[PDB]
Structures are given as structure tokens and as C-alpha cells.
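The chain below stands alone and is given as C-alpha cells, in the form deposited in one PDB entry.
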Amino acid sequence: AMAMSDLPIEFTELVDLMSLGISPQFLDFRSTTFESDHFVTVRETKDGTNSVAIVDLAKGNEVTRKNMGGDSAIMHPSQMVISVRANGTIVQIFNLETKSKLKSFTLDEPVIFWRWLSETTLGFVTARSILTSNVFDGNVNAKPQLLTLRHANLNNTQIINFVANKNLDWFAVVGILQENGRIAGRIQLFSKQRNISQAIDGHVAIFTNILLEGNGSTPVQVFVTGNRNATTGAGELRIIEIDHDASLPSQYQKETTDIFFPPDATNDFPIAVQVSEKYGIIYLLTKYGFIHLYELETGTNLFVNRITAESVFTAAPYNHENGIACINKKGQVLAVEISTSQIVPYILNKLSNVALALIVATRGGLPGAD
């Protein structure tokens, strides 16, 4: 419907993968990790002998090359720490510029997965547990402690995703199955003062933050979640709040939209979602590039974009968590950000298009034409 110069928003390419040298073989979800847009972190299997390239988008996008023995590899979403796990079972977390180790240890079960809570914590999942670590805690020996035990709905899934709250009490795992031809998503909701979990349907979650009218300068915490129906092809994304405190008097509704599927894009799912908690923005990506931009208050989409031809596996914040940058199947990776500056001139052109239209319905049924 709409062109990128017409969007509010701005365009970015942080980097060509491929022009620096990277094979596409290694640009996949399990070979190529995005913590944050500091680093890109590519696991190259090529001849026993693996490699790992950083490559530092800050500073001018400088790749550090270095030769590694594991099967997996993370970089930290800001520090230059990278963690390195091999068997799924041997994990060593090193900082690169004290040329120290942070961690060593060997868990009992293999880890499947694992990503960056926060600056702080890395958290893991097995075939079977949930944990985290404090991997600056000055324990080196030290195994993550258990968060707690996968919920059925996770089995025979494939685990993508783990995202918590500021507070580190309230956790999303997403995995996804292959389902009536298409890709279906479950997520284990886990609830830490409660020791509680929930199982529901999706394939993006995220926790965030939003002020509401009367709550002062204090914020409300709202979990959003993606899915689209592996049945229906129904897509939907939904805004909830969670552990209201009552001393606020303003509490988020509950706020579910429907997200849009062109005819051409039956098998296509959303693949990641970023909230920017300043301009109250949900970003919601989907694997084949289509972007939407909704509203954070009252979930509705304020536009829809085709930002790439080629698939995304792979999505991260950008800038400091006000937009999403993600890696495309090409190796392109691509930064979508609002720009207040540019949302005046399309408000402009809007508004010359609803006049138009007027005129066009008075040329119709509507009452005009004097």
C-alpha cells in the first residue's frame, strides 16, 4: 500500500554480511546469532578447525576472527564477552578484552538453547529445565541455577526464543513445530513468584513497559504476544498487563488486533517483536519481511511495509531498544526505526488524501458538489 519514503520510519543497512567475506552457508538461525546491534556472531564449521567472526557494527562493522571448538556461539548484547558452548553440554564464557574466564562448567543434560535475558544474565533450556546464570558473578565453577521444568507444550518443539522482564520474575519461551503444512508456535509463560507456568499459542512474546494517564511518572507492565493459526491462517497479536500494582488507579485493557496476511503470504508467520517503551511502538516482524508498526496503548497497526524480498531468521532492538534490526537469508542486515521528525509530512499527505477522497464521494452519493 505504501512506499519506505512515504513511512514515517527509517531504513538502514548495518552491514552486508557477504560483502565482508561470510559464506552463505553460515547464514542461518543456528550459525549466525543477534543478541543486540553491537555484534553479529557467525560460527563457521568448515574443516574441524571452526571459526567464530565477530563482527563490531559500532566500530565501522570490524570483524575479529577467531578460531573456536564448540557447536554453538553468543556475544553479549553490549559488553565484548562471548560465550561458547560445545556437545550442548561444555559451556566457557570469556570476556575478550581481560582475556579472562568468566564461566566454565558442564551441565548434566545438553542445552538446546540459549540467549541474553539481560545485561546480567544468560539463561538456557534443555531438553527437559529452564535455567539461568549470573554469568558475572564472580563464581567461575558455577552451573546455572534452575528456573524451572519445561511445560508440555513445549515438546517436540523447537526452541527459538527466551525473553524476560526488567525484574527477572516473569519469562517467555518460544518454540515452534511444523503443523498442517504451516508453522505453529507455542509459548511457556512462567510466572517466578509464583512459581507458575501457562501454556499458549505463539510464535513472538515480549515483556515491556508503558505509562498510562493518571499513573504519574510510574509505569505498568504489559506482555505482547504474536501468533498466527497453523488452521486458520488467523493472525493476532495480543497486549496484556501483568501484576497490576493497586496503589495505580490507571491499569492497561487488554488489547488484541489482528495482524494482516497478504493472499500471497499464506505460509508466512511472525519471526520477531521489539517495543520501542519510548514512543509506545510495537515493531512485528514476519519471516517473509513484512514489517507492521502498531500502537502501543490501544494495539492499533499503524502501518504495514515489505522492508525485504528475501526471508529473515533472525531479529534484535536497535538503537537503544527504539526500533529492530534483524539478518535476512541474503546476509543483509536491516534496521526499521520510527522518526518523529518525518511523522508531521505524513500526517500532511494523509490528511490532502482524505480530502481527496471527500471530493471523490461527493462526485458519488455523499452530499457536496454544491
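Heads up, when I say rigid core I mean the largest set of C-alphas that superpose within 1.5 Å between the two forms. Positions refer to the first chain, counted from 1. Compared with the form deposited in another entry:
- Put the two forms on the same core and the Cα of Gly69 is off by less than 2 Å between the two forms.
- Put the two forms on the same core and the Cα of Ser352 is off by 2 Å or more between the two forms.
- The rigid-core alignment places the CA of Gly181 less than 2 Å apart between the two forms.
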Contents of the next structure:
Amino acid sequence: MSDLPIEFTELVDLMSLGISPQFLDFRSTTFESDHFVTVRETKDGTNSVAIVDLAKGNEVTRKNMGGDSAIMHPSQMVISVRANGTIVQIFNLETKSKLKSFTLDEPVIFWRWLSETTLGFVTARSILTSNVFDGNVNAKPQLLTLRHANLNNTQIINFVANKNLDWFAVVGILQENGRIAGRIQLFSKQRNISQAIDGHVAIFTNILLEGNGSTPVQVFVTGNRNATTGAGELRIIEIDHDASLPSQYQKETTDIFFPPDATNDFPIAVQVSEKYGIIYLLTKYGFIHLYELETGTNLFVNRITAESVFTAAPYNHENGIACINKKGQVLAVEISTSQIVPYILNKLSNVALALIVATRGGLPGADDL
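Form deposited in one PDB entry done; form deposited in another entry now:
Partners and other molecules omitted; one chain follows.
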């Protein structure tokens, strides 16, 4: 279908790799980038991990493991395992060498790579970071801040940071009104202050605005669904505006459409193409929502899977989104560079937006305007 503003792909079917569907869940099958999928496979105490290398032909490396949780680095051949709440060990798979080894003061509830350099930890009470590649094997993670009370009684599902590693957001969900509500702790390290807000998804990104040259402004992108009314909302807002810059970002608020009877749905991931200024917002039930970043305008709504999504990641040099569904398909979406401008011009009937997107991305389709 040649009008679609996106390309939709299956990167791999995990089930065709002999992997069991019993481990397709958020804790057991981890997905930090579209480079690797790590599956924790439980069979008695004869426990194991299957590492799928998406770059190298879906090659699986399988190892016995004594840990309860395992993640791969976004790019490097580095695996992180934790056990018994508090025991953490990180290895260079290639040399077999141990990068980090320590025992934490409090059990880890959630972890993920915040960047290529920094691993984030959330405990019952605390939020911690580790500069894993400092060459100090036994150096323990540094306290970032205590958890805000708004995250009490939630399941921790995300921890994100900006590139500068001085703004952060932790996301927890809980059942309210028989539906999923989300709570976010936002933390500014420079101010040493936290703020509690409502939401299910969060990401820090950057945008180049006319008249600021080649200097980005930073924006936070967050999406919520109200657990009582069902109303969905995306917000985009500036953080730490650099004063010399003459263009700044005016906050945007845009609807996220959920069918009223989509009782159990909520936003489950958000990823941004900084190059193209495109937000990808994915829901648990498999709905994809595209937004343009400058204007917050909704571009597209559709569904890419009928099976629920349980984990997601950036795709293709962070210009798209990838996800894994309950049937074990790894699915991917990114804009079609050749079709997105005609789509905006002619389907959305929106000349000004088409020119915004064409200009930012160097894309075709606006050359007869």
C-alpha cells in the first residue's frame, strides 16, 4: 500500500528461533535496543539465557545463567546480570571478562541502560546510576535521588534520561478503576528537585528550530491515559532553555485516541526520531500513533498487531520504533522518507506542516510548492 506514511516490518519471529512462548514477558524477554533480544529461560535450576543478535543474522548465543534478570548493552557485546535482589555482575561476552561486580544495599526492582555509558537502577526506595565503563570493577552505583512517594505502590516500568544526564524520569503503573494508571517522577539534578506527574510513557529529546542555527532545544515528551475517563493526552514541553537562543518551544498538548471500550489499553512506549522530528507512540494493544515534534500534530493512527505488546526499543539508528508482541514477533515502524510529505500535503490536507517536515528532514515531495 503505497500511500502509507510508514514502513512496517517484522525484524524476526522469535518462535522460529526455537524459543518458547512461555518467556515472552516484560521481565524475561528484554529489549534495550534493536541490536539484541535477551530471553531468560527457566527450566528447574538448569536456568539459561538466549541472546539474539539482530545485526548478525538473528544468531542465538545460549548460556547457563544463575541470575534472575539479564540485559544487553544497546550496542556493545556486554551483558548485565543480577541475582537475589542485590548481586550484580557485568561481562564482556567476547573476552568473558567481568566489567562490574558488586552487591547493592537494597534490591533492584528495575534497571536499564540510560545511555551507552550509564546503567540506571531503581530500588524500593532509591534511584541509582553506574558509569559502567570507568575501569573500576567493584565501584558501586551512585545515589541519584530517593523515589518520590507518588511511585509508592507502583510497578516500575521505565527510567529515562536526557543526553546530558541531568534530567530523568521514572515511570510506574498501578491499577485504578480496573484500568492502568501511570505515575512519573521527573528529576532535575541541577536543582536537586523531583516533580510528580501523571503518565505512562516518557522520553527526553531534542529539536532544531529556525533561527537557533545548529543548536537544539530540549523537550520532554510524555503520554498519559486517564484511568477514569479514558482520555489520552501527549504533552511536549521545553526543559532548560538556553537563553542566547532566540527560538524557543511552545508547549504542545495533543489527544491520544483510545476506543472507549479499550478497557485495558494504555501507552506502553514512546520513541523519537530527532533527525525527522517524529514521535512514535505505541499502546499495549498494538496501536501506533505518529506525531510531528515541532507542532505536536497527530499524523497517523493505526494498529500493527492484535497481540499485545510487552516491550519496545528505538529502531534503525533511533529513527523508528521496534516492539515485541505476545506471539514473539519483533515488529518495527519508521516513517517512509519518500511518502511522508505527500501524505501530509494530500491526505492531511496540510501545506504548512508538510513544508515543516520536508524542510527539517530534507525529504522529497514539497519541490513543486
